[PDB]
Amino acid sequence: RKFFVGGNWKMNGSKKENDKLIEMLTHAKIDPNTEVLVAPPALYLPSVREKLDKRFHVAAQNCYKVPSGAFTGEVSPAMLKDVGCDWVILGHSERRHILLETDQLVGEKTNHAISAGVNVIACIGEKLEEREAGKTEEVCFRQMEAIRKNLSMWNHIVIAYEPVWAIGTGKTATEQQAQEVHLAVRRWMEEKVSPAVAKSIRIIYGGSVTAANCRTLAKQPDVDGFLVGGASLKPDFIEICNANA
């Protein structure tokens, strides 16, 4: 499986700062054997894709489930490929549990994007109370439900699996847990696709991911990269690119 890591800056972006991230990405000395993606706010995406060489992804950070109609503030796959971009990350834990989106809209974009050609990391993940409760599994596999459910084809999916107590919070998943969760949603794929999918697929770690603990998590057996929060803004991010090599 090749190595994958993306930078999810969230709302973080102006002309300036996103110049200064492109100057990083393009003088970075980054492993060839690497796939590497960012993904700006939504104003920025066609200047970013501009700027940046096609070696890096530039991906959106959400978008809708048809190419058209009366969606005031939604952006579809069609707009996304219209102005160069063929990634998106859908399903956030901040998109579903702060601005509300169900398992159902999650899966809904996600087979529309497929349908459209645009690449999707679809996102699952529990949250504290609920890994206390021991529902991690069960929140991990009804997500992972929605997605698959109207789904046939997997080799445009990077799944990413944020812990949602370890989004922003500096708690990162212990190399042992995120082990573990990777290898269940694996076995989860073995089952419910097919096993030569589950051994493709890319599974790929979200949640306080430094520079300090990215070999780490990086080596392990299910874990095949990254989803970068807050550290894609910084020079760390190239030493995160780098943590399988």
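The term rigid core refers to the maximal set of C-alpha atoms that superpose within 1.5 Å between the two forms. Numbering follows the first chain given and starts at 1. Compared with the form deposited in another entry:
Comparing C-alpha positions between the two forms after a rigid core fit, one residue in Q104, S115, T169, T174 moves 2 angstroms or more. It is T169.
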Second form
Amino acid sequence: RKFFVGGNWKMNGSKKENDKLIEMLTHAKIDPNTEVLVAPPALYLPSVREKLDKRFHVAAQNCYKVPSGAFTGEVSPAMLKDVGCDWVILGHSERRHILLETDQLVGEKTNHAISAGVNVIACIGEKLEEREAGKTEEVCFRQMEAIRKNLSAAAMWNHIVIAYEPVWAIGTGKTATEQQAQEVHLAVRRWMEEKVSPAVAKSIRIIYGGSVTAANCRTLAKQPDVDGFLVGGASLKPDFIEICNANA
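Target state, the form deposited in another entry; input state, the form deposited in one PDB entry:
This part shows the chain on its own.
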């Protein structure tokens, strides 16, 4: 499986700061076997894509589930393709838990994006009260099942990267270990093996979307079922390059 590192800029960006990050990526020495993605705010998607080498993927941080219509404030996969972008992050914990997106909506969006030629980082993960009730797997599997049920063709799994987010470690004073990450990633892969196929399970990338830093990235990357990262705050800093090189 090809190592995969995505930088989620979240709601951070400006022409001036974007240019600084683009220059950092342009001059960086990165393992050529690593897939690298950045996700700027939607206003900046066309310009960042124009300015950045195709070696780097440029992803939207959200999209909707039809090509056009009466959905004020939403953008469609067709629009992403129109400005040269073929990736999107869907189901991020901030969109599920702050902006109230349901499991079914995430699955509908994932099917539609892939049908339009946009690859998907599909995010899953459990909250602290769910983890404490022993429902880590029950929650993650329910989120995955909502994606699976909504896909329209078996090949769509070739266009998905799964990101596990330990939401229970965000603003709770709890911290996740690399062993805890590996245990969830392995459980998710075995769900793929049982519910989809062993062939998809062996080839799909499952990336870790908790706190990823220059200090912890190598111990996370060496875990056998952790295939890369969806990076938060460190994607805005020179540390992102060290994280891209965590597998080498």
